[PDB]
Amino acid sequence: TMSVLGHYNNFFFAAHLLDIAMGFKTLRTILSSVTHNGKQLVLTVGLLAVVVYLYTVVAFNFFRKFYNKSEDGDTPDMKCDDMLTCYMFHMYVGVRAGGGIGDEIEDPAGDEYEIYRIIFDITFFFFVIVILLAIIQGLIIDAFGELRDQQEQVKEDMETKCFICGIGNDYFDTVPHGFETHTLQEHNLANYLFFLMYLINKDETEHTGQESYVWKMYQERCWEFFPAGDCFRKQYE
Amino acid sequence: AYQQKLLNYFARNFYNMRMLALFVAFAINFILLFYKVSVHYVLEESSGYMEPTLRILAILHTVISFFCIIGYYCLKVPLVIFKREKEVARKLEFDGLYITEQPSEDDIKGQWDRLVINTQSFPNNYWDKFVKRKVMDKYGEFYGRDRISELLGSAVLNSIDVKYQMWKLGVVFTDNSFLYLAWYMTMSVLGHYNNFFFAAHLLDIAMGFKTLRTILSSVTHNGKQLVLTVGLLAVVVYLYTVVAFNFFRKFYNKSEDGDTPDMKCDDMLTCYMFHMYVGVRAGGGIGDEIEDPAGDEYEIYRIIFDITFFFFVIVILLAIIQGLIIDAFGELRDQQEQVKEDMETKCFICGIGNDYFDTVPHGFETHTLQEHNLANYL
Amino acid sequence: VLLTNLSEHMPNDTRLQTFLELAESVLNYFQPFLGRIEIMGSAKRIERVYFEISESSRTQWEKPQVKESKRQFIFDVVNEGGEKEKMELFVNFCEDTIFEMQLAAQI
Ligand SMILES: [Zn+2]
Ligand SMILES: [Zn+2]
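Residue numbers (the authors' numbering), protein chains in the order written: chain G, 4728 to 4964; chain S, 4487 to 4524, 4558 to 4672, 4696 to 4920; chain Z, 4101 to 4207.
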């Protein structure tokens, strides 16, 4: 439908580039680097929405006279006191500062409130700029460590335990070069896929006895038939 | 009859009584978004009865914060007070602490409970009323048989044990959770006296949304070493404001040019306040807000002062509190990784391990859901 | 199939080993084609069942996207899969992927 509107306007036509959400395979990892930790992302920013709101409450009483987007009072002096636009100041500026909100404000020069001004502003620089943005810094970074771990869990529990049989690497090192064989001959996942093909592909009259067993087991969905522990080697000597 | 029957409503309704308090705290504070000065004033680009709905809801909120803690007084307060009697009871039985140990000056929580053991009622909420006589018959003939029995033992005004009840509230008050909800209610009290500090109820989000509690836990479980890092930053910055206090005093001008009545911010109090209000808070080091040198003898010493201050503070120390929070993720993520690893390995009671119960087909699941299955031991 | 079954049930028969290595060229033709699994065929000693891997469904397993879906499955289990449902998920993997190839064969 964005391609439809290209014939109607060839501008919003080019917002097709968010195919890169599901396009390049490699890039999907880096966008996954957020959205698998993204549920707690929002609430952190939702926290930042709230914590900043509490700072724009404090200034709403105590430091109202320090807001000047306007030059000097000489200009028709905008003092940005209205709690709507005051909170919009603290997000358009105080969140977005780079140096805290005490960069874009009347910094004090001898006031009774100067001690209360700095302490308002040191903490706002820490509790928002330093610490809360580092959360969404680190939250994304843990998401790496959360995904990297999972890929570390795969190639560890694939190499330990053969997938069906639950065994472990150790038992199949008795045989020379064995675990590789056990994963490429004895269970070799695809065969259970392929066997399952073989059964679906044939008629129940045409089943062999082992297979007609299995088919009954399968339509039952009883799942005994997969080797739990005792795969063939461990059955014998 | 109504006072005990409706009592059972609040305890039943409590987590809805407490969350709905936060949702009311949302919509109120969504309207404290709509203030302005003129004397303080409420502009209305809405229905004209919105300031009555604020008077409705703010009274309604303080209503909730009172009727919910009555439910708290019968939900968790009894559990806490269960726990406190328990600790004393077993420590009389197995330590005999008010017989022998006579508890230390720290944790007056321990010392608070000396009074209650004289009472009849003492193990009310412990379901195990034989505590008091058992201690007698463990420690009578050893220390004092009726020395310890001496230690132990309109109509509403004297039916209850006063000493028990004074003890009870003394433990109730020292609950951090009850004191919280009390601190949440006294902000609701002042809403009837001023509907502004009323909206500082939103730090219920410290203990409100379950999911958000993780992200605030992302700091405070590493927060002890957080402070000292910032406490380090307090000290390291102080040493830079010592260096400038001799060597670069003439470079401070908040003032325009010297043309203005030239503020040169030399005073060690306000100089250190400069380095925190600016140098800590720079974004680009303190050499952004200072007379940057243009040919001085001190220029080499100026930059080297300022390169290092940009690194040792802005680059490296803030990255600590960057990474300190980030390790806290990795410190908590690990712990949740330890749980679901040592739950799946070893069955909790029996210490065994996963391996032994893979002999049986599909076995470990059975062993954890039939053979021990924690809840059964409960 | 049978010679495999003679061997893999009953090894260490030189009698058979002579006979099997004489049948070598056959086995090499069907090593891609013979599938082989293990199940518990109601004697509850574990049998092994041999079958025919069809060449269409053989090849279609490896190539494009099943290859991605395979390791996708494995990360579906090792990341989030429980004990009971592990084998129950498995065919739910399979049946989908079976149907995938059945499309992709009739193309
Ligand atoms: Zn296996
Ligand atoms: Zn156990």
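It is possible that some hints are incorrect.
For the chain S half of the interface with chain G, some residues (derived, Cβ under 8 Å), not all of them [unchecked claim]: (1) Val4523; (2) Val4558; (3) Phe4751; (4) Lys4752; (5) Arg4823; (6) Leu4859; (7) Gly4872; (8) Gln4877.
BS3-like mimics (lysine-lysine), calculated; alpha carbons at most 27 Å apart, straight line [to be verified]: (9) Z:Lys4186 to S:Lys4882; (10) G:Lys4792 to S:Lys4522; (11) S:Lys4705 to S:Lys4605; (12) Z:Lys4144 to G:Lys4882; (13) Z:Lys4163 to G:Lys4943.
None of these hints come from the bench; they were simulated from the model. C-beta atoms are modelled at their ideal positions from N, C-alpha and C, and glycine is treated no differently.
The hints, checked one at a time:
1. With 8 Å as the threshold, the beta carbon of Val4523 of chain S comes within range of chain G, its nearest partner Cβ sitting at about 6 Å, so the hint holds.
2. Residue-level restraint check for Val4558 of chain S is violated (minimum Cβ-Cβ distance to chain G is 13 Å; threshold 8 Å).
3. Hint on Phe4751 of chain S holds. Least Cβ distance to chain G is approximately 7 Å, under the 8 Å limit.
4. Using the Cβ-Cβ criterion of 8 Å, the hint placing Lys4752 of chain S at the interface with chain G is not satisfied: the shortest such distance is roughly 10 Å.
5. The beta carbon of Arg4823 of chain S comes within 5 Å of a beta carbon in chain G, closer than 8 Å, and the hint placing it at the interface holds.
6. Restraint check, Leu4859 of chain S versus chain G: the minimum CB separation of about 10 Å is more than 8 Å; hint violated.
7. Interface restraint check: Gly4872 of chain S against chain G, minimum CB-CB distance 6 Å, threshold 8 Å, status holds.
8. For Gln4877 of chain S, the shortest C-beta to C-beta distance to chain G is roughly 13 Å, which exceeds 8 Å, and the interface hint is violated.
9. The hinted pair formed by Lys4186 of chain Z and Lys4882 of chain S meets the criterion: a straight-line CA distance of about 17 Å does not exceed 27 Å.
10. In summary, the hint linking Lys4792 of chain G to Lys4522 of chain S is supported, as the alpha carbons are separated by about 13 Å, within the 27 Å threshold.
11. A threshold of 27 Å between alpha carbons decides the hint, and for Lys4705 of chain S with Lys4605 of chain S the separation of about 18 Å falls inside it, so the pair holds.
12. Straight-line distance between C-alpha atoms of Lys4144 of chain Z and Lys4882 of chain G comes to about 31 Å, which puts the hinted pair past the 27 Å bound.
13. Using a Cα cut-off of 27 Å, the hinted pair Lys4163 of chain Z and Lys4943 of chain G is violated, with the two alpha carbons roughly 32 Å apart.
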